[PDB]
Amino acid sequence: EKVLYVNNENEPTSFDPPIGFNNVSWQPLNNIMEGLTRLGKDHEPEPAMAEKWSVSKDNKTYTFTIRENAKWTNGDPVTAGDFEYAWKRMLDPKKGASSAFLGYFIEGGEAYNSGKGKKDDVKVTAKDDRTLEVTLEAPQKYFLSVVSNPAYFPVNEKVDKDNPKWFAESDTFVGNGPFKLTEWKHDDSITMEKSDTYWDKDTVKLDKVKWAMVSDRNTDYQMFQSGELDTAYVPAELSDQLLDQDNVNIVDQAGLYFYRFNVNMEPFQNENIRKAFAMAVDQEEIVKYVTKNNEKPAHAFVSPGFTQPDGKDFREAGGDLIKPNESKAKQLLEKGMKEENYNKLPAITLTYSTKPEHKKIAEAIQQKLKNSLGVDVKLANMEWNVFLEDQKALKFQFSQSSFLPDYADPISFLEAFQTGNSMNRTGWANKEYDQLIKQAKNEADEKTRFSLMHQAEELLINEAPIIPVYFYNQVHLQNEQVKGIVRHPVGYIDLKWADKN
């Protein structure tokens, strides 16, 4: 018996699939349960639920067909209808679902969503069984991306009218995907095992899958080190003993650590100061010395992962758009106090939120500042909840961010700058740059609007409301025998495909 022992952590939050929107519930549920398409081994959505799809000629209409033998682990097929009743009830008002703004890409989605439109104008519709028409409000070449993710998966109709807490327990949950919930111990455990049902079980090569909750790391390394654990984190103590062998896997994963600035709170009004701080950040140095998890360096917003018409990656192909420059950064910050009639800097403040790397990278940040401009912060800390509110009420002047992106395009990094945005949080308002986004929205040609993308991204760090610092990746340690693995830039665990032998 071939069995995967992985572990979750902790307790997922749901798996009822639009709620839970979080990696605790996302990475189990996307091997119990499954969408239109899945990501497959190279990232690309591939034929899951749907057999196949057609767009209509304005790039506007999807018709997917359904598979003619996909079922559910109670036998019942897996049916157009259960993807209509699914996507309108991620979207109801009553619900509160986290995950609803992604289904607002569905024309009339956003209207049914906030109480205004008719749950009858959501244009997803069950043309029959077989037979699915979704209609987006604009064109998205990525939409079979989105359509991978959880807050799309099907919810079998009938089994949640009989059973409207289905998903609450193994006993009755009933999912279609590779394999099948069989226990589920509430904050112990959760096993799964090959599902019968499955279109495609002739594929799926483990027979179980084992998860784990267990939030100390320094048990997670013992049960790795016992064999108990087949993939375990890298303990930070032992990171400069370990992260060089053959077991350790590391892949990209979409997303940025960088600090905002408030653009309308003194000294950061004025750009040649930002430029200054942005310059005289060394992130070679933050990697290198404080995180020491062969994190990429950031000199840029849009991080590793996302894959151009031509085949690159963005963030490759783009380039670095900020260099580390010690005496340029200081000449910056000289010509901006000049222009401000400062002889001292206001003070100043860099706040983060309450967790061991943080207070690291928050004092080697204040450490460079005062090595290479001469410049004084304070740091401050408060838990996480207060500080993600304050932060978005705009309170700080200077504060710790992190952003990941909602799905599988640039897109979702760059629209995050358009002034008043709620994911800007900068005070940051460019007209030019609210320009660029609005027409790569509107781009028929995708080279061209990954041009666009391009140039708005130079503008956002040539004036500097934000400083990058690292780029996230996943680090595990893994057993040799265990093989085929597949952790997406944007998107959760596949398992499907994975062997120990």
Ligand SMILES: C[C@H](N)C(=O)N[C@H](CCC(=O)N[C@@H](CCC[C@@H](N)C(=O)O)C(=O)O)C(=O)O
Contents of the next structure:
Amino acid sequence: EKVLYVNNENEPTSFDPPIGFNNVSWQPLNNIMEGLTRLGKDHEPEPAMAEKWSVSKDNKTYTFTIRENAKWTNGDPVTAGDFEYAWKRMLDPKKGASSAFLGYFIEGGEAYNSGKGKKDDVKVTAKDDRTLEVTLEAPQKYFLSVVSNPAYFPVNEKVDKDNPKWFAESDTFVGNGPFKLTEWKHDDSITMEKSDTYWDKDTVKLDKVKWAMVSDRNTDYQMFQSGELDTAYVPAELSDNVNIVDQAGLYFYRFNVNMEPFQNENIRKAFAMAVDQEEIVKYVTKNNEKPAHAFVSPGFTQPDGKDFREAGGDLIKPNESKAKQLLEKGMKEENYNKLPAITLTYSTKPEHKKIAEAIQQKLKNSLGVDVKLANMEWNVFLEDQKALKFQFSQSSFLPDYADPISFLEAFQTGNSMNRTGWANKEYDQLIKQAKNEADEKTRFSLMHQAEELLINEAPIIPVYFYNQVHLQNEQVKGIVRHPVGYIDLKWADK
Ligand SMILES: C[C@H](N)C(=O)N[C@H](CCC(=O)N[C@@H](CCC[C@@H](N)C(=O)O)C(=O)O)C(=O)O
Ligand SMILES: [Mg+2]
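Following the display of the form solved without the named molecule, present the structure of the form deposited with the named molecule bound.
So here's everything in the complex, that chain up top.
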């Protein structure tokens, strides 16, 4: 028996596909479910549930043919109807999926989600059981990548109506991906087995994947040294076994611009300019992460061949003396003799505590500001963050497709990925313009203009750009970790 041993670190938020919208949920979900496409070894979308597609001359209407003999774990056929149902479901305002904006690529999607349009004016329709037609608002070169995103995964319509909570346990789960969910001990472990109903089961070489939920990267490393894990993190305080692989996105902090004292732009800028991202990566993380002096990470090539982040340059760098000046100026503007109490809230986990402590110490040392730390587990932390309950909070962004607009759309007014209360009409206009811009050089210019404005008003503090550095059992081969998107294990062997 070949059993791959990995660590998920924590409990998935949700296995209802559009709901989790995070690594902890979607790393495992990506291996028990499947979209129309799946990203391959070269990170390009390849036929998965769709065996092929046709695109109209105007580049807006995609017609997908569903694989013959694609089946759910319960033996039901995977139909075009399951995709139509799932996509209209994810857009349903009553559902409140944070990922619903990803459905706005579909004509009528934004209108439906916003209550200004009808469900059946969302332009996704099953023409027959094996034919799915979708019309986009505008051409989208990354659409075939987007439909590998878990938000776009099908749901078995029959199963969903019979039991609307099917996704909540292994016993009731019905999936269509390379592995079958066979055990889910909440907060302890996940087990999945090679799925004997899967269309491409002959490709799948592993018998089982077991997912631990060990949140201490030190205990992780110990489990790797003892042989209990096939893959593991590299501990900061340590330094052929090691695999360095890119991952777009960043670690950052959010302010709430409607909670004192962060209504004042100078106070926000002061805090942002106090943080020294190089010190964080050099003295805390220590996994060769790039310090983040902007929001959009490395990895996005421009029309001119340059990297977007390289071309844009640093937008925010530590400047202690200027920070002190701006804090003084902002406090005077608000008639503050002393700053109101500030709490920095992070999600309960050793790395987040160690970074929050560094930020706490730096703010004290640079500005003389005392912040108190608070923490809660990710699942409720995320709910509270979305609800705008935190003054100042640990934040993470992974792009959903491989373009800077994935990052920049986050900070539109009221966006599910904003969570700061920041509401800049000029920013909103730049994003709208970029979303409607067919000329790529122009579109890139608009995106740099937007990013400069975002960083200038400092509703956020960028900290560091991600990567995926791991130890791996040399007897495991063929794990595919993508720069944008979730781990693929279907090709792996041991
Ligand atoms: C997926 C969606 N676009 C998005 O960004 N969701 C974020 C959550 C994004 C998210 O799961 N981060 C991960 C990133 C892990 C990066 C990895 N190298 C590491 O260092 O372990 C996390 O913090 O564990 C949201 O809802 O707040
Ligand atoms: Mg609404």
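Rigid core: the largest C-alpha set superposing within 1.5 Å between the two forms. Numbering follows the first chain given and starts at 1.
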Is there a C-alpha shift of 2 Å or more at residue 88 between these two forms once the rigid core is superposed?
no
